[PDB]
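Quick one: structure below, then a few questions.
Removed from the display is one protein chain of the complex; every other protein chain stays in position.
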Amino acid sequence: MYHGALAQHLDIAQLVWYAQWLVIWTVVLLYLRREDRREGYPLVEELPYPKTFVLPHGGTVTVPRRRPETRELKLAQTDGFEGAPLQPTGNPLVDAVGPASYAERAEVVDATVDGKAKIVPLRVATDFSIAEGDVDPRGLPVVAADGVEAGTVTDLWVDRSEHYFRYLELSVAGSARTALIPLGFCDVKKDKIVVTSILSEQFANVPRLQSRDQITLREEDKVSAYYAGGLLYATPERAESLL
Amino acid sequence: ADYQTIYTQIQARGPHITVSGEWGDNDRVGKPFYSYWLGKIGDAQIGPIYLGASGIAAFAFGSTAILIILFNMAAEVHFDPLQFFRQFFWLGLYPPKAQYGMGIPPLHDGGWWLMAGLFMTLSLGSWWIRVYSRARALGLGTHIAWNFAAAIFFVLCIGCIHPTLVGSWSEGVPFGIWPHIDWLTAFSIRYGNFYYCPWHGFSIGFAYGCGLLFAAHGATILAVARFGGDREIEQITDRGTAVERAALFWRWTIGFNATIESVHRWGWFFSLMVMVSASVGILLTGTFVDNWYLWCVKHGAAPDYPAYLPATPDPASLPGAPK
Amino acid sequence: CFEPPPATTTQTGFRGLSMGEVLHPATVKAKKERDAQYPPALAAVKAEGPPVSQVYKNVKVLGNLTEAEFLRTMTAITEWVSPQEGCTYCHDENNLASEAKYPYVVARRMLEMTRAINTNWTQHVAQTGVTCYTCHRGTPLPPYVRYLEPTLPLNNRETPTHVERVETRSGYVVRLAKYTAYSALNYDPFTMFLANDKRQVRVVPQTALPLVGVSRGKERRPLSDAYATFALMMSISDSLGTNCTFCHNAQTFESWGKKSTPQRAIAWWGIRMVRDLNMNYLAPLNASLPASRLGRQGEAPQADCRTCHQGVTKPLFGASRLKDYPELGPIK
Partner (left out) sequence: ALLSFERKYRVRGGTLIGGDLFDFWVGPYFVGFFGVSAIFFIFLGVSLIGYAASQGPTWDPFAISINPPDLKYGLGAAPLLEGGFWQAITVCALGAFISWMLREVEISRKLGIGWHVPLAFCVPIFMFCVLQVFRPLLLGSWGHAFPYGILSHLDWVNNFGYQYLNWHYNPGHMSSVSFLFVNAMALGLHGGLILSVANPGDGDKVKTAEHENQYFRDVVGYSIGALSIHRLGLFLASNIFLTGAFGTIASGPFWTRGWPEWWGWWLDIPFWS
């Protein structure tokens, strides 16, 4: 006699093997794969029933979003093939196509847990400062990809929820304006801030904020996307082959 | 290159935040201090820490188990401080070597082991209350607590459940660096090579799977840190171009993608399945399977290979061979 | 900490199973030189004459040899056992028929034990065989013996440290460790497995499902037996200077046939031979050996794998004196 033996040449560990495969594929295909479809669906050119979040500072959202307005794309198709790439019809940095594209985030200010504006410059966040030993970039020149001084740093924007600097603000030389740049696009040296994503003249068309001492979620998207589009569009050579 | 993905070029300092919980705000202890070099690859603030009854009970129960283990280890070198520091990796507390069944074994042959395991079980249960109650106190889901409970469950499987199902405290895991390592080989030998346990392979695939997922996910968020991809809670409720490019990277590579929320459900599911698979494999082991290799041979799954050196008969089977 | 390349690697299983030996040439070289000290065979002698059962006074084993053939063996034994003490290690210089010295009465039992190995244990020693030298290596005390408790160093010609001494209780774990290839297995596989025939080295079932009546509670062997078998296998692997794949396909340790090498079967006869030597020849010698040879439990020194092999899969890399001394076996 044997423990675990059943009818036929069957045993208990054999049965659990089928049960284990059934549970795994049930979770994968019938749950995880449907949670993967809460954004970007339905396709254009199987879905789960909507999910609704109660936001921390009032109001709700239900995903995926249905925006009351949609943007017009300044793109031209290269061919009639269904999988052909598109082509910009103007300046892709200001038209925001390709790597310069931003999402239609809410035009609301991202908030701290206690309701204040999360991303603010140090002129507003007077209780914040740069840690001892690190470079204070205020007053340092910003050198763009062509080696020309694009401007001078005037302030740093800090995330008051995570204690983490995320942007530098610089006066654009010869443009009577200030533009924000994500610190990921900044190589902070002791005497200069190096920026290779765009050229010096392209700092003039960085998307501008509606208010001087705050920023919205969509404005943060617009500012970040402009420098990223320069990785492919700052010069004609960046869109071509590396070799 | 995004230098922020390597380290924090400019660290920020500010007043330390305290989010109120439903209870226990007064039980947070410690003056926070800030490490410059820790701040380069993480948050610079260390402390404070919450105490609470369950966290205190965890230290008391756990220190009791550790004290029982270390004392028994010091006796194995006859309380020689040099040899203890020398032989430390080799010292251990062992389960009963003789077969007493489920009877509580003597102190010199498994009694101290069973008592340290009891206090360790109480320490783990106390810490799970803390992990569970801290989430409820802050209005958070218990996603970490239930992942934690699966790891505690697997520890119970190799610690007392399987010993009870087969009916012997001798099958339990010893305490010690090398001694608990040696148990892995004796447990695999006894039960016919764990490479032929399907739940071993399931647990291995999920353990490898967590390595693939955190390498791909961690690198993906670093790749979209230029667009604030690390701000994931608000990327869930308000999709930004960070997780749009992230989904399109994987959609253009493997033909499908997840969301910034659901990729966590994949990661939470894979880590959970490492323990769920390992537990079911231990629970079937010995109780309903005695030899996993022959169990595969019974079902025809085992691979066979040609003879390289000539086949060797079992000499114990030969006529006239000694016993 | 590390050993330089290149390494000597053999193949013991089907390609792609990663079975075979992994050796270091510098180690093998030093063992080959050490084992080359085997004194060559003495020259042949006159085959005609009376048997020493007639000529001599107290010959009990070698009585059929002639005088010239008998004094030849008396020279080889001295070369193999006591070359520095000479004839008088075992003989009263003034009467060679007297048993007044303890090595005399032990050597006769050893002459019987040597013929027994070469005659009754050919399933193991084959035509290579053993002489006195295979263990003694030129000294009356063989370098690699075991007592009823772990001892260090393994080679008794080396001076022990304080912690290595069996009296120092704080070094027991290291004495256990070095006899099991530095593992932390808490079992002495000599007294458990090689001193006698009491225990069963095999611990893995030969059934896919747990057989009823031997699978629950006190019907079960403790899992300690699996550690102990593992301990014997690390000691076997170290004493031969080899690894598992010299004998097992690690796919299924418990299976024979294509899953085992021919050496594993020879090893099986080697375990039965060690127990025969310890139980019936070496252990009873504690009544004939002086108290300075005995262990702390009154035991005479006993033999394991390393007594003959000394770190090589074959003793002396297969060197043999069988055809040169037929009086040592096989015995018709």
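When the chains are written out, they are named A, B and C in that same order, and each has its own residue count from 1.
By our rule, contacts are C-beta pairs under 8 Å (C-beta built on N, C-alpha and C of every residue); 3 or more make two chains touch, one makes a residue touch a chain.
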Per the touch definition above, residue among B:97, B:162, B:190 or B:245 touching the missing chain: B:245
Residue in contact with the excluded chain [from C:164, C:219, C:324 or C:327]: C:164
Chain C residues that touch the omitted chain in the full complex: 1-7, 9-11, 13-20, 22-24, 27, 161, 163-164, 174, 177, 181-184, 234, 237-238, 243-245, 248-251
For chain A, residues in touch with the removed chain: 39-45, 53-56, 64, 73, 75, 78, 81-88, 92, 96-101, 103, 112-113, 161-162, 164, 228-229, 231-232, 238-243
Interface with the unshown chain - residue positions in chain B: 1-2, 4-6, 17-19, 21, 28, 30, 41-43, 45-50, 82-83, 85-87, 89, 130-131, 134-135, 138-144, 146-147, 151, 178, 181-182, 184-185, 193, 195, 206-207, 210-226, 230-234, 236-237, 239, 244-249, 251-253, 255-256, 261, 264-268, 270-272, 274, 300-305
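Criterion: only the chains that are shown with their structure count from here on.
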Mean-CA-position distance for chain C and chain B (Å): 45
Approximate Å spacing (C-alpha centroids) for the pair chain A, chain C: 73
Chain A and chain B, separation of their C-alpha mean positions in angstrom: 34
Sites on chain A at which at least two other chains make contact: 3-4, 11
Shared interface positions of chain B, touching two or more other chains: 287-289, 295, 298
Chain A residues within the chain B interface of the complex: 3-4, 9, 11-14, 16-17, 20, 24, 27, 32, 35-36, 38-40, 53, 55, 61, 63-65, 101-103, 105-106, 110, 113, 125, 127-135, 137, 156, 158-161, 163-166, 182-188, 217, 220-221, 224-225, 227-228
Of chain B, residues touching chain C in the complex: 76-78, 80, 83, 87, 89-92, 94, 96-102, 166-168, 170-171, 176, 178-179, 181-182, 185-187, 189-190, 192-193, 286-291, 293-295, 297-298, 304-316, 322-323
Contact footprint of chain A on chain B as seen in their complex: 2-5, 8-15, 17, 19, 34, 36, 39, 43-45, 198-199, 202, 225-228, 234, 236-241, 243-244, 247, 256-262, 265-266, 269, 273, 277, 280, 284, 287-289, 295, 298-299
